[PDB]
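Just dropping this structure here.
The complex appears here minus one protein chain, its other protein chains still in place.
Per-chain residue numbering starts at 1, and chain names A, B and C are given in the order in which the chains are listed.
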Amino acid sequence: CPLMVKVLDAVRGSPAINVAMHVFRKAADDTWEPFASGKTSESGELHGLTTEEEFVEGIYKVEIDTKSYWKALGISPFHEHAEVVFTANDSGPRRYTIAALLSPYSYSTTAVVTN
Amino acid sequence: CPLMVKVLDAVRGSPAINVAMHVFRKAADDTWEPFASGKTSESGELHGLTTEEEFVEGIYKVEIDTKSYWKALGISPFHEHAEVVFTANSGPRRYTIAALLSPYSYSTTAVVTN
Amino acid sequence: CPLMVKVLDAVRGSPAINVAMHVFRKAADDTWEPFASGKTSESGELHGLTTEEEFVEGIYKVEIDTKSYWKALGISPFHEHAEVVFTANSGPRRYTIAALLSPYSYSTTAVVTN
Partner (left out) sequence: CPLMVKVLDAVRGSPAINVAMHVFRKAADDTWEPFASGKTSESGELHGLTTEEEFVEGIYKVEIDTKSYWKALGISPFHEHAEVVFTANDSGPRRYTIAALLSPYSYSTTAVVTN
């Protein structure tokens, strides 16, 4: 599991459950190509997006659909989504945990990178 | 204005207005001596807490009553308050303390400029 | 000033100065049309990106080049940039986008006022 995403809800003090997200990888023509997608579990975590062999060097974008999450809770939020754009594995393979902390008008995204 | 505090509401996307806070300065016996207080304005800011000659070296604590802010909005928050504890004054400096409030989370940042 | 961006450096406790950013507006084909751009001032702020009559309904993206900011400080950051994507203008509103930068983390907040 080289790429994992964890999402927290700062209004409820809970994991953010059933949050959809889409991962893209920049292709040779400099367009965003679909890579993987999934939804957070009851723990707010999404595992299994990719494998060590599949997650090669590249520039990746994770688009977390925070808007649909907030709307399902009855909240009309500011952002369309929470994004993470990063270069991966250019020093060799790493494990990436992306942590997103969500409020209706604010979010933070943090990476924990281990070798 | 050596010390300014700004408070934002991350639920509503607005300044957090009428947020009360007290500032204390740590005394030699390790007790917190009353120093300054006020509440945020319609812009979410609290200005005029102190003056340059009054604000000397020490450990200061800003205790922001975030619980009362959320209670007034009918949201049951996690924190009793937000406490920002820092050593101030290498000589005088200007300090802006920002607090970003959510019911179960808060962030605080300091800008120290000249 | 319908749209203002403020950027802070959480490592140094300072405004983030000379941070470049582009603003795009989503077009009908789902491509990002150039809209506005600039770089932050000595106060970390970027003002004057647009006018009320120009800033109409749409989905807007602010792409802040945080990577170049950290590279200039000799710190290898995580993010290529910070992207703030939001629907703007229920009629005109005033938008302040704040970004708080660390090498491996960023936070962004919006204040929408009248």
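To be clear about the criterion, contacts are C-beta pairs under 8 Å (C-beta built on N, C-alpha and C of every residue); 3 or more make two chains touch, one makes a residue touch a chain.
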item	value
Per the touch definition above, residue among C:3, C:36, C:85 or C:100 touching the missing chain	C:100
Residue among B:17, B:20, B:75 or B:112 that touches the chain left out of view	B:112
In chain C, positions touching the absent partner	8-13, 75, 78, 100, 102-105, 107
Footprint left on chain A by the chain that the document does not show	8, 10, 13-15, 99, 101, 108, 110-114
Residues of chain B in contact with the chain not shown	59, 78-87, 100, 104-112
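Definition applied: only the chains that are shown with their structure count from here on.
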item	value
Centroid spacing, where centroids are CA-atom means, of chain B and chain C in whole angstrom	26
Inter-centroid spacing, chain B versus chain A (mean Cα positions, whole Å)	32
Of all residues in chain C, the ones touching two or more other chains	100, 107, 109-112
